[PDB]
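Here's a solo chain for you in structure tokens, the form deposited in one PDB entry.
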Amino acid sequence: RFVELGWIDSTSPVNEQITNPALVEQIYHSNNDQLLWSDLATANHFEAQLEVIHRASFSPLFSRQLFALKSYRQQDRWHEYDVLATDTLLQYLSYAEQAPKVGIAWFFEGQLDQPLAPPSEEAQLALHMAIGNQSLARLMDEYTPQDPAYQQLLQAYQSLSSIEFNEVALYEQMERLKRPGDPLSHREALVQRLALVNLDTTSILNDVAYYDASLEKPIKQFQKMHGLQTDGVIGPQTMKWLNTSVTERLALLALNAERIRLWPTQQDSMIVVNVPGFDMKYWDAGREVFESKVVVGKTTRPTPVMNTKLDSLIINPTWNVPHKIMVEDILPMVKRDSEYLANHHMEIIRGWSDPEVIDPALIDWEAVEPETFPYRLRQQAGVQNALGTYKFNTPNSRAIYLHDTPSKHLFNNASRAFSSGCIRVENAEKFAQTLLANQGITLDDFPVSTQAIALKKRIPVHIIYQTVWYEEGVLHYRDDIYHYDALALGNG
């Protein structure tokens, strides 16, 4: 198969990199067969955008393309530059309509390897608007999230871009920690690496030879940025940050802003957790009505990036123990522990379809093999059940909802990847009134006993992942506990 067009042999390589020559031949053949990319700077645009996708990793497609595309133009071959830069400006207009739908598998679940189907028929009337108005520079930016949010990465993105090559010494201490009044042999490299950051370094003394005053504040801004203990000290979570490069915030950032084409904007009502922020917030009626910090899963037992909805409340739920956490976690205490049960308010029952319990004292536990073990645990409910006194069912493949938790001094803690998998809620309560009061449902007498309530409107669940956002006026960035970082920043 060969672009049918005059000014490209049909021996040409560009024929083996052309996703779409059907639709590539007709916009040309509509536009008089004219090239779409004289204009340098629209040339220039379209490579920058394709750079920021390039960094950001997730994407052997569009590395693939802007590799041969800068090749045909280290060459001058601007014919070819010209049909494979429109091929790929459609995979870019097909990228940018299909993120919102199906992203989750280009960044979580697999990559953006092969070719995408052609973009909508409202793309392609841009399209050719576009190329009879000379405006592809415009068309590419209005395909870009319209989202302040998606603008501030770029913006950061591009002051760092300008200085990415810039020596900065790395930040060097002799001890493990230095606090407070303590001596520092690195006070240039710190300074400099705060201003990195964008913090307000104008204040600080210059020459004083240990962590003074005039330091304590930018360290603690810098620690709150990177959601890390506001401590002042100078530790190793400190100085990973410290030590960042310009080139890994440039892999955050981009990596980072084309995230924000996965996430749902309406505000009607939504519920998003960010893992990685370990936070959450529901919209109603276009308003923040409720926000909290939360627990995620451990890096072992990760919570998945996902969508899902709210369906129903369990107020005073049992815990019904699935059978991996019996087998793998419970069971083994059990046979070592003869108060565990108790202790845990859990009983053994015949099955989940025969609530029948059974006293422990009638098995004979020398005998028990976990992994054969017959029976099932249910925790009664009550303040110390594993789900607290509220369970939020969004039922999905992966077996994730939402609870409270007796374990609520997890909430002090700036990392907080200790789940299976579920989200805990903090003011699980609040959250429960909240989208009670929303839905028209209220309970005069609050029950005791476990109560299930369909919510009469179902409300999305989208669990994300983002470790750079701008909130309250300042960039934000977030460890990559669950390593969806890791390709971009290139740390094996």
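Numbering follows the first chain given and starts at 1. Compared with the form deposited in another entry:
Looking at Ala22, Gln266, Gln451, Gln74, the entry at the hinge of the rigid-part motion between these two forms is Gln266, while the rest lie more than 12 positions from any hinge.
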Second form
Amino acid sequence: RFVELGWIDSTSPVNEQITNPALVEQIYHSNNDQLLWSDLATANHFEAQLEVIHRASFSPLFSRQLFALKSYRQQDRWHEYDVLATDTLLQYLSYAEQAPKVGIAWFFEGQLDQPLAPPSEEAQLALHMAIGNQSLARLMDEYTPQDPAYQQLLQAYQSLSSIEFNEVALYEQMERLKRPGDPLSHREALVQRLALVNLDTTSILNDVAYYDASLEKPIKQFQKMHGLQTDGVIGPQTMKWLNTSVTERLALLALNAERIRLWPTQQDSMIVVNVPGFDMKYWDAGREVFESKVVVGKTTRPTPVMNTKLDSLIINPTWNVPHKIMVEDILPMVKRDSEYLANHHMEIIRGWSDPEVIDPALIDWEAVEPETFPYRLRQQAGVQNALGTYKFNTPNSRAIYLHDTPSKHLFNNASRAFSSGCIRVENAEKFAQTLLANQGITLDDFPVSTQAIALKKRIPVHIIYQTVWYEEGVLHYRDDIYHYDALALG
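Next, give the form deposited in another entry, keeping in mind that what was shown is the form deposited in one PDB entry.
What follows is just the one chain, with no partners and no other molecules.
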């Protein structure tokens, strides 16, 4: 009924499957009712690009279209294929344009289940042109992030895609742990599985019945690759990653490539925190000037994906204990431990406006119900302050900022989801120094007390969620700390 095309019949399912009949009609008329997709290499390139979106499991919309396309192809229904491909490429183009704007909706909040708006005029133009110059492939590639980050993940996806269904024995072992020097049953499976992730297995010795030196370094860099303690020990966490299928790895790659559409371009001066990587990097004038491990929010108080700017830096910050924390977390502990306040250098304050220190002794602690308790808590400046020596002020509606910690031992863990959402920074001192250097700010000597310092040039802070990324020659994988890789894996 609905698609007014001469060479498509009325009862074809394409009439219901198509999103923008109007715009498809126009394109086909402008090209004298000719097929855009009769070149195989071109259809295959576009089916490949939709497999990616399929595996990433974030768009039932594109999955529907791909199944339908793949179904028209198996039956040699090349007229129906042609028109549905054209409609689906319009969607791909809306998708390419909209993700950086509003893609947070599809990858974190909800999903791309409903047809997108048509693409911009600029895009419809580029398409018309591509149709005439027989360069649809170039058009699709042009509408992928021109980011080496993207292309490195796609390169790896393409390699692994080539060997998806090569069966490879599951790596097994007798005991839950297995240390250098122990007997080793399944050496073949283990080495095959180190190879899957393109670790160099060439120097590993053959048919040695034990976990020898030749295996230590490959195992330790497989561990590093997966952000695990490089202890050399084949335990459950190692085996989880060793024994992941190529299907599972391609899904991780797919999701993480598509996620790079969200991440806001790249700036010369910029700060990136990768949550599941529990790390962060400060670029300034094209240069990586600083990197550091961080602690991010716990699963229950997660660090959200967001973009803000670093406005100012506080040296020797006092910590104004927010209400929610005082009421639930702190007052009930001072109600029992009558030494809490003094140990944590935490003084009682009339109000944030009226900063009068009240001695804890002037208070009927039996009498206090935390919910209604009328004064406020303020931790004095110091090394043992919850914010340590440095607060990094990133003002935003969610009250998330970067700060030093006194609990520097927590950086020793592989998995660093301990905070109430804020981001604790190892080597805050160096971070402070490089910021001030690159702002053209000097300090005649280190301040006695609390010092606010506004940045001349505010830096964008991007907090991303990236479970796969390319860095110094190699592809890193990380556990799905906050469960957003959920659908990709099954």
